[PDB]
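One chain is shown next in C-alpha cells, namely the form deposited in one PDB entry.
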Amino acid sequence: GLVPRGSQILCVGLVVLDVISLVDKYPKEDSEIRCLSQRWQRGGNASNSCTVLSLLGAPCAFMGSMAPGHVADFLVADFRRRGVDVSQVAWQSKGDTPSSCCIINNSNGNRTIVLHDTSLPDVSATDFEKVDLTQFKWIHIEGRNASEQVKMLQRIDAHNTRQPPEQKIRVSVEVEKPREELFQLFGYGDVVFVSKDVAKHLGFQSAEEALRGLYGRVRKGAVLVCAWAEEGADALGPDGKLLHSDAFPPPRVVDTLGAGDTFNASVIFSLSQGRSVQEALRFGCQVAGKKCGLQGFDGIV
C-alpha cells in the first residue's frame, strides 16, 4: 500500500525463529521430558529492533533474506502481528530461514542452543539498489556482509548529497559480532552502535575505554554509542564530550534476550524525533531496562 515519503525506519539485518523451552533440569540423552513453559519467539538483531520501533509508534520495515517455508510463514505472520512492513524482504528461491531450539534450565539459567543455519545468501548491494529510498527517514544496518553493506551505505550517501538537510536520510550502523571484516563499517553512518563483545574483543574493559579507543575509526560528524549492561550506556560525538546514562534496572531481571536491540531501536527512535544524544541515551536505557523485567517485548510501553 501507499507509504508516505520520509516516514519509515528501515532495519537491514537478520531474522531467526527461536523455539525456547524452559525445563526443570537439562534432559539426559534419549529421554522424554515435559517443559515448564515454551514460546516461539522471532529473533535477530534488525528483526527485534523493528518489533520495538513498531511498539514505540514508528512506521518501520525489515529487510533481510528469507526462504519460503513453514519457518518463514510463522516469522512473516509474527512481523505483521507487531505491525512491521515486510515488502523489502529479499526472498531466496532455495534454502531455509534460520531457526533454533533453545533449552533453558530453570535451576541455573543455563542455555543450550541447537542452531539450524543453512548459510542463506545475505542481502546484496544489487538487492538494496532496487529499494526506493524516498519512503525512509532513517536506515539502520546490522553488520553482516560488510563489503556489500559498504556499497549500500555509499548509495545512501549519494542520495543524501542531492537532498535538502530536511529530506536527508539519517543512517545508523551496528557492529555487534567480533568479526574483523565488520570493523570497516565503523567509518559509515551518523550513529555507530558498538557492542560490549566487540569492545572486549578489541581489549576495552568499559564503555568509556571503547568510545575513546574507537572514535578515530568513525567518519567526521558521527556519534559512537556503546551500551554496557548494568553499567548503563555511553555516547561520544564530534565535540569530544563523553555522554553517559545510568541503567534503569528492573526490580527483578527475567529476560535480557534482545535488550541490546531494544536499546538500539530506542536510541534510533528518540534521535529520529529530534531529541539530543543525551536524551536518546537515557531513553534507550529506560526502555531496555524495562524490557529486562519482562518476557519478550510485550509490555515495554
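Residue numbers count along the first chain shown, from 1. Heads up, when I say rigid core I mean the largest set of C-alphas that superpose within 1.5 Å between the two forms. Compared with the form deposited in another entry:
No residue of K241, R34, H70, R39 other than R34 has its CA displaced by 2 Å or more between these two forms when the core is superposed. Fitting the two forms on the rigid core leaves the C-alpha of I104 displaced by at least 2 angstroms between these two forms. In this overlay on the rigid core, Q286 has a C-alpha that sits less than 2 Å away from its partner position between these two forms. Superposed on the core, the two forms barely differ at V277: its CA moves less than 2 Å between these two forms.
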Second form
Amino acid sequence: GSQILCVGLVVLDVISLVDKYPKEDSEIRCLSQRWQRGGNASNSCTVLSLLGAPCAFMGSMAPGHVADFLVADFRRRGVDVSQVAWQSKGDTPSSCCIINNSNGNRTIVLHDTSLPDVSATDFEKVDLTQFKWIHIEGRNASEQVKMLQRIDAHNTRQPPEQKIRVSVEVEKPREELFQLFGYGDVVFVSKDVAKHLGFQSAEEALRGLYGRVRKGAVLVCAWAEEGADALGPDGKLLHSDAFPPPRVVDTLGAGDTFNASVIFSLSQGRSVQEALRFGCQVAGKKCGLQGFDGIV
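Output the form deposited in another entry next; the form deposited in one PDB entry has already been displayed.
Excluded here are partners and other molecules; the one chain stands alone.
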C-alpha cells in the first residue's frame, strides 16, 4: 500500500518554443527545441516523483529508440515501469507541441499510432496490494470500466484501512468517456469537457455533472486562471483561486500537474479544500517554468 499507480498514455513530445503562434501558411523560427516525455498519466507520474511519492506507470509501449528515451526518462525520475504493457504491434505515439512563450499556450498535433491500449486482461495481471491510490486517464472506457470494477471487488474484500483510493480523469469530450464519471472516489473533469457539455464555469459544471458520480465521490474541475473547484457528497462547493506566475511561459502538462498534486495531497490525508489549493499552487508554479524541474 505504498505506491500511486497512473494508468494512461506515454507520448514523446517534440516541443518547439515560439514567441508567437504561427499564422497558417507562414514560416517562423522557434526560440528552442526539446524532447519531453508526455502523456497525461506519464506527466502525473513525473509530478508525483518530484512531490516525493513512490509511483508507478501503466501504459502501452512498443520496443524501439523512442520507448528507450521514454523509459530512461521515467527511470531518471524514479518512476517504476514494471507494469508497462509492451506491444509487438504499433509504433510509439509522438506529438508536435508548439508552446507560445508569450502566454504559455500549448498546441498539440498528436500522432496516434494504433498502439493497442492497456486492456482489462493486462490490468487483471497486476497485483494491487502495493498500491494505495490508482489514477486512470480516460481513454478505452469500456475496457477501463472493467479495471475499475476489479478495484471495487478488491476493496470489498479489504478493511477500510487497506482500501485503494481511485481517481479518474475525463479530459477529452468523447461520449465513450462519460460513463467513467460513475467510477472513482475523485473524478477530474476538464474545462474543455465542461464547455462541450454547455457549462460556462467550474461551479456550473460541478452542479450540472455531480448527479453522474458514484455515492460519496468528489468531482473536481480546474478552470485555467479561474482556479479550481471541487464538490463532494455534503453539497458544499469548494473553490481555490489560481496561483498564476507573473510570466506564464508553458502550460503543457499544467492540467496533469494539478491532477497529480490533488491526488498527492489527498493520499497524504489532507482535506479536499487543502488538496484543491495545493493543486492550484503546484500547477501555477509549473506555468512559469519550461517542463517540470523546479515545481517543488
